[PDB]
Amino acid sequence: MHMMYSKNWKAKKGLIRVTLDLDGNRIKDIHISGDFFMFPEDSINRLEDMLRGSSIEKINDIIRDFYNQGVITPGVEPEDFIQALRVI
Amino acid sequence: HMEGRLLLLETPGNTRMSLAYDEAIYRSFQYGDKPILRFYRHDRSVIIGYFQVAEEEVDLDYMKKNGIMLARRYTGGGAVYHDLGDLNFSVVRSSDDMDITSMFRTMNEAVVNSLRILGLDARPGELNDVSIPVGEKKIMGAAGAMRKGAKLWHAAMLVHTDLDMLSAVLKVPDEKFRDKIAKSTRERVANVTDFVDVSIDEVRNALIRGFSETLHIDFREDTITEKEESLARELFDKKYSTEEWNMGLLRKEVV
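From first to last, the protein sequence lines stand for chains C and A.
Counting along the first sequence from 1, when you hit position 21 you're at 21 in the deposited numbering, and nothing is skipped either side.
Note that the second sequence covers residues 0 to 133, 142 to 262 in the deposited numbering.
Since the hints were made in silico from the structure, they are not lab data.
Check before you lean on any hint, since a few could be wrong.
Claimed, not checked - Quick look at which bits of chain A chain C covers, simulated, 3 or more residues with Cβ under 8 Å: (1) 41 to 54; (2) 69 to 77; (3) 147 to 153; (4) 249 to 262.
What the hints assert, rightly or not - In silico DSS-like cross-links for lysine-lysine, where the CA-CA straight-line distance does not exceed 25 Å: (5) A:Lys-155 to A:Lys-145; (6) C:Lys-7 to C:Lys-28; (7) A:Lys-183 to C:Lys-7; (8) A:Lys-144 to C:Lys-13; (9) C:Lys-12 to A:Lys-245; (10) C:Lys-13 to A:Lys-190; (11) A:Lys-187 to A:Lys-144; (12) C:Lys-7 to A:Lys-187; (13) C:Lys-7 to A:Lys-178.
Cβ coordinates follow ideal geometry from the N, Cα and C atoms, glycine included.
Model the full structure from these sequences, guided by the hints.
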């Protein structure tokens, strides 16, 4: 199917908003926004570029990878972008 | 005690230009320069965090009706309402590490040391606010930024703000639950003038004193340099003055 959703997620400090555009099992587009800190700041663009377009199955692979390049996201754990980005 | 510059530099009728100055001063700071403390106020406006998209966070039509300016800042967080009753300040220092949690914690301690001068029992602050016990109301919110060589911290303190406005600007999932958040806000935030009778200039003077002592800096008033001036105008002309920037869509360096 073609599917598009929007999701909020309260972390310990902050709120991750996600919008995903899904073509079957595959990520056509993604936009991540909201109330948080992330250094470097343009790492947010890397995280969107990485997810576009992988498979909604191998999301965690992408999250954990991303973080292992050394990204600092105060009060927002890596399993917070998992809850934010998860549909089912 | 090393020398610092106190910049009393503000454009309340232009929040966008105000935020440009904040980025300029951060951006032109070479490691080893005198640390900077700036104080400033914004007239009616909503400032959204860097990762925020205006249309998702705030009621744009309510803002336009009432002449409330939209503005996006360089740092994360956090959308907030500002008026002439908020004292805004920022601190830029040399940095040799990337421990942003330490910065937040240090600056919170300086705020607390400052409000003690006014006879207030202020309290951190898991990371980026300061409160007065009553059971506690937030009176200050903060954000910041780091890069190789420099850190930026800035905060807004509610001195005599219209606390009702904090909720009137936010975008509500259903307009019926506009009341659950409004009554929750008023129970969680206060003005410094709720607890002590201070003018905004005495709050500021306490802050200058608290920050001097806690940071071991002797802040003497200074003016903006030409280098900081140009960069500010450029940042305004190319970035802060644009709808794309303020709407939350521009996420790339344009210098």
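Taking the hints in turn, this is what the structure says about them:
1. 41 to 54: holds (count 5)
2. 69 to 77: Holds, because 4 residues of the stretch 69 to 77 of chain A bring their Cβ atoms closer than 8 Å to Cβ atoms of chain C.
3. 147 to 153: It holds: at least three residues are needed, and the stretch 147 to 153 of chain A offers 3 whose Cβ sits within less than 8 Å of chain C.
4. 249 to 262: Since three or more residues must qualify, the claim that chain C covers the stretch 249 to 262 of chain A holds, with 4 doing so at under 8 Å.
5. A:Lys-155 to A:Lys-145: violated, 31 Å
6. C:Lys-7 to C:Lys-28: Given that 25 Å is the threshold and the Cα spacing comes to 16 Å, the pair holds.
7. A:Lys-183 to C:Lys-7: holds, 21 Å
8. A:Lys-144 to C:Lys-13: holds, 17 Å
9. C:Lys-12 to A:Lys-245: Distance of about 35 Å is beyond 25 Å: violated.
10. C:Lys-13 to A:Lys-190: holds, 21 Å
11. A:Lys-187 to A:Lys-144: holds, 17 Å
12. C:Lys-7 to A:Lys-187: holds, 21 Å
13. C:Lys-7 to A:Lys-178: Holds, at about 15 Å.
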